[PDB]
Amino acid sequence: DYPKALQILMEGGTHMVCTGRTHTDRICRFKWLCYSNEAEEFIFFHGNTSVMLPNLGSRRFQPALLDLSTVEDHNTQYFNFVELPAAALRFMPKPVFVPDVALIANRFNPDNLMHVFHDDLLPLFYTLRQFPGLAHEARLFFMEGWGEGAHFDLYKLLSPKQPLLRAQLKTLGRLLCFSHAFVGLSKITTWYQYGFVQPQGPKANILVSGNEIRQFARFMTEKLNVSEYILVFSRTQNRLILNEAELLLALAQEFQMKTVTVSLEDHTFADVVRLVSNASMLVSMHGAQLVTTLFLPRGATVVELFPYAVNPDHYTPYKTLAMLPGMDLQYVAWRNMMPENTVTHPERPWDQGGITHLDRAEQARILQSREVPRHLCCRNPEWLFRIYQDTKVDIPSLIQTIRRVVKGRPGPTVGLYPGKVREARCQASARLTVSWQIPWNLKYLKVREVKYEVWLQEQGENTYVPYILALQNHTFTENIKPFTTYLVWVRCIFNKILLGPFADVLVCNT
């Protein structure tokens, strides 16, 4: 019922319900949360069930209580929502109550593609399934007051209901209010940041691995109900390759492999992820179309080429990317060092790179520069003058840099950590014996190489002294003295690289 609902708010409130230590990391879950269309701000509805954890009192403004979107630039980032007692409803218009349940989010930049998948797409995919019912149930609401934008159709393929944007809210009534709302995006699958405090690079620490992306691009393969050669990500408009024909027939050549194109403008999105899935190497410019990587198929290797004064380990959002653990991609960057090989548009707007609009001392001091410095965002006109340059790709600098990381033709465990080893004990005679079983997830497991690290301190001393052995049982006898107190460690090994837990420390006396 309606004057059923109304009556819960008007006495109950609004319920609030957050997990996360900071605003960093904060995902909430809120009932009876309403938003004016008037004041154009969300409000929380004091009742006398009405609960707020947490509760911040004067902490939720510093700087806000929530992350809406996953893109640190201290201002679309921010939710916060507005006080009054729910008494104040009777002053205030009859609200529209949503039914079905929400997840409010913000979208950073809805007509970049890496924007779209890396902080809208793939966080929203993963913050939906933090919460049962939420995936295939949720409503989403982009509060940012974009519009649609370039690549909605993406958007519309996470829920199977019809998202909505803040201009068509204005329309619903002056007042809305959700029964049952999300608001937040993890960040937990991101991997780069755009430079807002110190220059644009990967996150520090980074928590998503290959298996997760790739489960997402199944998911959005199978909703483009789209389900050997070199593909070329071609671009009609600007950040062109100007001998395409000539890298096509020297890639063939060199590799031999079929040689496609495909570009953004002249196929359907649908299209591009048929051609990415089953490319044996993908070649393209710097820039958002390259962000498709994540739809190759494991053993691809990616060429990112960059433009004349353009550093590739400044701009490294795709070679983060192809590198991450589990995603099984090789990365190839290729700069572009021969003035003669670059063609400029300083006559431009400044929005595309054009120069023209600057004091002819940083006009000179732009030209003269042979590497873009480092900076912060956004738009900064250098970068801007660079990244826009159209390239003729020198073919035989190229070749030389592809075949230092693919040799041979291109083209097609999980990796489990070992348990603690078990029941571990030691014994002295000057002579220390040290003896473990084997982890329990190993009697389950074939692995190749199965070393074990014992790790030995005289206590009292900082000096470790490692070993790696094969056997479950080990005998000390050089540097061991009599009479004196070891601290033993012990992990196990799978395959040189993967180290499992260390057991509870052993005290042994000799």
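What we label the rigid core is the largest C-alpha set whose atoms superpose within 1.5 Å from one form to the other. Positions refer to the first chain, counted from 1. Compared with the form deposited in another entry:
- Superposition of the core reveals a Cα shift of less than 2 Å for residue 36 between these two forms.
- Once the rigid core is used as the reference frame, the Cα position of residue 51 differs between these two forms by less than 2 Å.
- With the core superposed, residue 24 shows a C-alpha displacement below 2 Å between these two forms.
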Contents of the next structure:
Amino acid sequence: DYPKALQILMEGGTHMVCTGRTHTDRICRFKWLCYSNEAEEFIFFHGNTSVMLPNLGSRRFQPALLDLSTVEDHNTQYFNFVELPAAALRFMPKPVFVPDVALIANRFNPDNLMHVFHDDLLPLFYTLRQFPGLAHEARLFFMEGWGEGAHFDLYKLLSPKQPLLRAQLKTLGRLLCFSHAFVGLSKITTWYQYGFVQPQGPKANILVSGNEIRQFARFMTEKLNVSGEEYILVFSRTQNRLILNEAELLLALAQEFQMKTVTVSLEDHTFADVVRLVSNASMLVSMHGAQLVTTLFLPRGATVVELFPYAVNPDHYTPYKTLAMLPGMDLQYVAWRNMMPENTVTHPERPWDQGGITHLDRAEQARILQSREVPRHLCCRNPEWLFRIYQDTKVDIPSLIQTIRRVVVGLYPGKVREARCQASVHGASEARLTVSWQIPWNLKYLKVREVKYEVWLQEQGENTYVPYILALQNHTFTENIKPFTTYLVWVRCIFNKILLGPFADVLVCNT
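After the form deposited in one PDB entry, can we look at the form deposited in another entry?
Here we give the lone chain, stripped of any partners or molecules.
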């Protein structure tokens, strides 16, 4: 309803309510957020019912309101708006309204399958499902400035409505206003950082586990219409980073591990067929590369074998190691390296970004050629890294087989209950303290190999009294227990040495 819509906007203005503490995981819900196609700016209109929560003042630019993309590149990462009085619409073209609920987001690299899944698809899947209804109603708006890219078919599976690119918005009018828009992508599913500040590596406190990956994987499998069976799957590339003796590799793996081997590639199968093959594979063998993000479709119990060309240290490039080894993935991971320069083929004459080093270096071409290992570096330009990563590789088959052969629950306790303490007296003036409790309520439903309890004693005033680990639900303390004194006592239960349960309410004990 155009007149009512324009009136609500011109008089009331924009409304914004956001989750989160800082820009790193603020997600915002907007009503009447506008966008100028000429200025390429989002606009917050101040009207007489406008709401801006949080109201950050100058901190809104330190560095930005929120993160549009999960990749912390300090560039396409950031979202902000500019402020105008709602009354300024009197001097502006009449706006075009977007009635769909929108999710606005930026893609870091839509042409790379790892970036697509890890930076965009998994975050979109769970960001959408944070908010009721978005998953079945939202239209994605990708604002970063890229076109469709090689995997647009995959982005389409995430929104029910056809996504729109920034270029297509210029055709809709000079001033667009969103009646209902969400802005921001959660980083909660991320596990890797690409090396902008320190060398690339896993993130420090990963909050995603196998069950969360698998729920996403099942969703993609159904949207791809692909929901005896022991085989090894070799995920080849056809353009660069080749396995030069692939046919001999396939035969040796089949004979050694005694099961059929099959090849797959992105270039010669539909993605649905890729997912179909990965999803029932017992082993996935592949050169390091973006196709290994399909590891997230493997069945429980499978093995990932990642091959690295000459001079490339597997411990420096662990996005698929990190994924394969997440808690609950139930995969095994094997890295194998080519250490034999006779088994590598370099390509020093290719375009600089496909590995070439003739592009322009003096005696630097000679440092690279003679370096036995690519040193730690930062994103994203390093010449030596691209030179070595785009080598082709002849796999030393006995070394690979021996390497593979060498390299082959979790519920936490509740609080203990009804904890109590009793002081007692013995000898002449000697004090004792007995502490007892009942097992956690959930323990009767579990089958746990080792159950222990940890008791912390503190004389009211100073530090703690060395925790005591016990198997029983009662213990009498004698040493360092003095009469006429108050002790605070805490108890927690521990499953299998490492699953630390919560502490109960502190007990105050008087001797």
